[PDB]
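**Q** All chains should be built: construct the whole structure from the sequences, respecting the hints.
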Amino acid sequence: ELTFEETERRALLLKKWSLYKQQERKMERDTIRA
Amino acid sequence: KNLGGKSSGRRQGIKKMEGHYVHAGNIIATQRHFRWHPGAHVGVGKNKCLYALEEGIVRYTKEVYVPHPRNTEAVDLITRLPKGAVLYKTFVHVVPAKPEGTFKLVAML
Amino acid sequence: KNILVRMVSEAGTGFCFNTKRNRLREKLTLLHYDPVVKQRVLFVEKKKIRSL
Amino acid sequence: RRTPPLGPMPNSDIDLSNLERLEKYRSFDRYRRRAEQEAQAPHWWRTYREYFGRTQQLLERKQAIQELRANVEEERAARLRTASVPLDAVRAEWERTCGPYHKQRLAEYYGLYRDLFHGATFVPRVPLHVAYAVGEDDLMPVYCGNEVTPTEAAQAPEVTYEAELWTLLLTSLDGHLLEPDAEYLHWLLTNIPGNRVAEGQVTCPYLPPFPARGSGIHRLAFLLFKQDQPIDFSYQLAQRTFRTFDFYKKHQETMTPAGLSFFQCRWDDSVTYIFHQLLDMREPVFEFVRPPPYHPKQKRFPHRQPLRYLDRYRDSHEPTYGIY
Amino acid sequence: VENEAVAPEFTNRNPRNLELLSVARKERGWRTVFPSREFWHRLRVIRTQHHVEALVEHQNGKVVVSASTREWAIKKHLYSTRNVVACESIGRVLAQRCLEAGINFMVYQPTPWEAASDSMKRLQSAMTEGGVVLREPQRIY
RNA sequence: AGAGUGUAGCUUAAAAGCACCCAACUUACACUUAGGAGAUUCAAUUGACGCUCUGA
RNA sequence: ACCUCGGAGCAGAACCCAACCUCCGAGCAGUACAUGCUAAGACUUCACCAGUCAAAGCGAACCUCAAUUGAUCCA
Ligand SMILES: [Mg+2]
Ligand SMILES: [Mg+2]
Numbered sequence: 105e106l107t108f109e110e111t112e113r114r115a116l117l118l119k120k121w122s123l124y125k126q127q128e129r130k131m132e133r134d135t136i137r138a
Numbered sequence: 040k041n042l043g044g045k046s047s048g049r050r051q052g053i054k055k056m057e058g059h060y061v062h063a064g065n066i067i068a069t070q071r072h073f074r075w076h077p078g079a080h081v082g083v084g085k086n087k088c089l090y091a092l093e094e095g096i097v098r099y100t101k102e103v104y105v106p107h108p109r110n111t112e113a114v115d116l117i118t119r120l121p122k123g124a125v126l127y128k129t130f131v132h133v134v135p136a137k138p139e140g141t142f143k144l145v146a147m148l
Numbered sequence: 014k015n016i017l018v019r020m021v022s023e024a025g026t027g028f029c030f031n032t033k034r035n036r037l038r039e040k041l042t043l044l045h046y047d048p049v050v051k052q053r054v055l056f057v058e059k060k061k062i063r064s065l
Numbered sequence: 027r028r029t030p031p032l033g034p035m036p037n038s039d040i041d042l043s044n045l046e047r048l049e050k051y052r053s054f055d056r057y058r059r060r061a062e063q064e065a066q067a068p069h070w071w072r073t074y075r076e077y078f079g099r100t101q102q103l104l105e106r107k108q109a110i111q112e113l114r115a116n117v118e119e120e121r122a123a124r125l126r127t128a129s130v131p132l133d134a135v136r137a138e139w140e141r142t143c144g145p146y147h148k149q150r151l152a153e154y155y156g157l158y159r160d161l162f163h164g165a166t167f168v169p170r171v172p173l174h175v176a177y178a179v180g181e182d183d184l185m186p187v188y189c190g191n192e193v194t195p196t197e198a199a200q201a202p203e204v205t206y207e208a209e213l214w215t216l217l218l219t220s221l222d223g224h225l226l227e228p229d230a231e232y233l234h235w236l237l238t239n240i241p242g243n244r245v246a247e248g249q250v251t252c253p254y255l256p257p258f259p260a261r262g263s264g265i266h267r268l269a270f271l272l273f274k275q276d277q278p279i280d281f282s291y292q293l294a295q296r297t298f299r300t301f302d303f304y305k306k307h308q309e310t311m312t313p314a315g316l317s318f319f320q321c322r323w324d325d326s327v328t329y330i331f332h333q334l335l336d337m338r339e340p341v342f343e344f345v346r347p348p349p350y351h352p353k354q355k356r357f358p359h360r361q362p363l364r365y366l367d368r369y370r371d372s373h374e375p376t377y378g379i380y
Numbered sequence: 039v040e041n042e043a044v045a046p047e048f049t050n051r052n053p054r055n056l057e058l059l060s061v062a063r064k065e066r067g068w069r070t071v072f073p074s075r076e077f078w079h080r081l082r083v084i085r086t087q088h089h090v091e092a093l094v095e096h097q098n099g100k101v102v103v104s105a106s107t108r109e110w111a112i113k114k115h116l117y118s119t120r121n122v123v124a125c126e127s128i129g130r131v132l133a134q135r136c137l138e139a140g141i142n143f144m145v146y147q148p149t150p151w152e153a154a155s156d157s158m159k160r161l162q163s164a165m166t167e168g169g170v171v172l173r174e175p176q177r178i179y
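These protein sequences, in sequence, are chains 8, W, 1, 6 and P.
Just so we're aligned, residue 105 is where the first sequence starts under PDB author numbering, counting upward by one.
Just so we're aligned, residue 40 is where the second sequence starts under PDB author numbering, counting upward by one.
Just so we're aligned, residue 14 is where the third sequence starts under PDB author numbering, counting upward by one.
For the fourth sequence, the positions run 27 to 79, 99 to 209, 213 to 282, 291 to 380 when PDB author numbering is used.
Just so we're aligned, residue 39 is where the fifth sequence starts under PDB author numbering, counting upward by one.
Any given hint could turn out to be false.
Taking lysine-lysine and the DSBU-like style, the derived pairs with C-alpha atoms no more than 30 angstroms apart in a straight line are [claimed, not checked]: (1) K14 (chain 1) with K85 (chain W); (2) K55 (chain W) with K355 (chain 6); (3) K353 (chain 6) with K55 (chain W); (4) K143 (chain W) with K85 (chain W); (5) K107 (chain 6) with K130 (chain 8); (6) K50 (chain 6) with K130 (chain 8); (7) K114 (chain P) with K120 (chain 8); (8) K143 (chain W) with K353 (chain 6); (9) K107 (chain 6) with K114 (chain P).
No wet-lab data here; the hints were simulated from the structure.
**A** Here is the structure:
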C-alpha cells in the first residue's frame, strides 16, 4: 500500500525528470546540429 | 492435359451508368472484386454487388479511401504508405430525387 | 467427415431442423429458435439422416 | 486512348524512388487526418461534395494560467483525474467572448439567415436572454433552437438584454399555413428604452406559437435590433403575416441586428386552444405522406415472379365478381 | 373564414424538421469505408498535441456545435488542456451546449483504441450524464 | 564599419498544427494509452536588443 | 484423351465470344444454430430449367469460401 504524499512526490519526480531529460536531449541535438 | 476452363462469362459489370435514374433496390453494378466501392445510398450485397438504397441518379466519383480500422489488410497497407500519400477509389452514389414526403392537410378540425 | 442429424425440439413441438456435426463428436444439443413456440428452446439430436 | 490528367494527380509529388528513405504513416490516425484534409481540399475530378454539397489579453491569460499551474491543489486534482470545471462560469465567459460566433453558426445551420435575411449574415454581438415564465415559480430559457412547448410559450417572455433604443421581434419562420415564403409576427416591441422592455411600443401584441398538428417542428426567432435613432413603425392572420426581409430592408439604415435567440416548438393542446379561441378557426391537421411505392409496368406474363405480383397491382383487396 | 385559408400542402422549411421527426434520410452507404455516414449528427473528437476539440457536426458537414479547449472561457479553468480532466470538462461543456442547441442524439464513431481510451470514456460519460444520448433513433420508413 | 534581418525545431498558422520526451505494451521499434515542457527580443508601421553574411 | 463446375489469358477498355488452345483448380472444409419468417426493387452465364443480390417489416441480438453440384418421377 502507499499514500497520497508519496504518490504526489513520485508525480513531481516524473515531472522534473521529464524536464531534465528534455533539456538533455535538446542540448544533445544542439551539439549534433552545430 | 488441359481440362476445364469452359466456364461462361459472369455477365458482371455496371448495370447503371452515370446519369441513369435508379429505383430503390436496383442493382447498379455486379463485380467479382471491389472495382467500384459503395458510395452514398448504395449498399453492398454478400457478393459485392452494388444496389441502390434510394431512388435517384447514379453518380460515379473518385473519393479518398479510409478503410475500417478493423480491416487489418487495408490498415497495414496504409501503415506502409508513405506520408502524404492518399488512396483513392471509385465510388457509386445515388443522389435521391424525390423528397422523403410532404405534409398534406388531412383534416380541418 | 460429418453427418446430417435431425435436431428435434425439446419444447414438445414436433419441430425438427437438420444440422451437421462431426461423426466423432458427442450427441449434439443446441438452443435453436422454435417458430411454433416463438422462442429459443433446446433441441437434442435424435437421428442421423445421412452421412455427408 | 489516354487523355492526360486535367490537374495534379494525387500522390504525384511525393512519388519518388526513395520509398525506403521516405517516412510513412505509421498510424491509421495520421493517415485518416491526411485523408480528411485531402477530401476537404478541392479537386478537378467529380467528387462527392459536387453532388451532395490584444497583447494585454495575452499577458493576462498567461498570468492566469501560471497562477493555475502554481496552485498545487489544481495540479493534484489534474494528476488524480478528479478536477472539474465551473460550468456556469464557463457559460458566462463563453457568452462574453465567443458565444456570438457559435450562435451565428447555430443560426446558419438552422437556416435563419438564409430565410430571415436571404443569406445575409450577422454576428449576434449582444447576448439576448429570453425566458418564458413557467408557472409563478420557474421559467424555460430560450437559448438557441431548444424546444419550448406552446403551453410554456402561452404568455409573453421576459427579456433581459444587457445594454444601454432597441426593437425586439418574434418571428415564426415556417408556421405559415398559406405561403411557403412567409413569416408570422408574434410580437414587435419597437423603440425600447434600453434594458427595460416593458416600456417598448407594442406594435403587434403577443400571440403564442401555434404549430399545426403533424406539421413538424417549427422554428421561432427572437431578432433584436439596436436602433441608431428612434423611428416610427408603419388576431387576424392576414395581418399577422410578415416578411422580415422586407421589414429589415425598410428599416436597415436605422436598425442593426445585434441580438438573436430562437427555439423550436411543436403542436400542443395550447395550440388547439389558440386555434379555436384566439384565432377563431378550425385547427388544421397535417400528416406526413410518403410517395406511393414504385412498381414496374405490369407485364402480361410476369415470368418467374411470385404469386404476390398480381397483389402488387390490385387496388382493392376485397373479392370482385364482374358481370356475375 | 379568411383565417381558415390553408394551403393543401404544408412547407416546413426547418432543416431539422424531418431529422427530429426521425423521417429524414441518413446516408446508408459507405460500407467499405470508415466512418459511416449513416447519421444526422456526429460527435467528432480531435486530440491535438496541446488541445482537445469536440464538434457536433451534421451529416452534410456543417459544424452545428463546437467546444474547444482553445477558447479562453474553458482554458482558464483547468490545469492542462490535453488530459483526461480536460476531455471530461470539454465533454460536459459540449453536453450543455448541445442541450441548449436542441441536439439530444448523436452518433459517436470512435476507433477501437479511442473507444478503449480512458479520456474518451470519460467524455462519453460526461455527455451521457449531461443528457446527450450517443445513439441516434432509427429512421422511420 | 555595412547588408539580410527576427514566433519553442519547421510552418506565404493567426498564440495554432506538426514536430520532441519519459511512463506502460512491446527483445526492440512502431502503434496506442497516459502524462511533460514549451515561443511572437525591447520601446514607440518605425527605432534600438540577438543571429547570419560581407571586411579589417 | 475428354464429357459437369469455377478462376486467369486468348478476349488490354460495357457485356458476350471458339478451340482434341495455354495454365490453374472443385466434387469440400470451418464456424455458427435467428445460416428464423416475410417482402419492395433488381441481376441472370446469352432460351427455359436453374442460379444471384436485396431496402422496408415481424421476430431477434445490441456466415467465411470462386467452384465445392444433380431436375422429374419414384422410394
Ligand atoms: Mg474462361
Ligand atoms: Mg437471361
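**Q** Checking each numbered hint in turn, tell me which of them this model violates, lowest number first.
**A** 4
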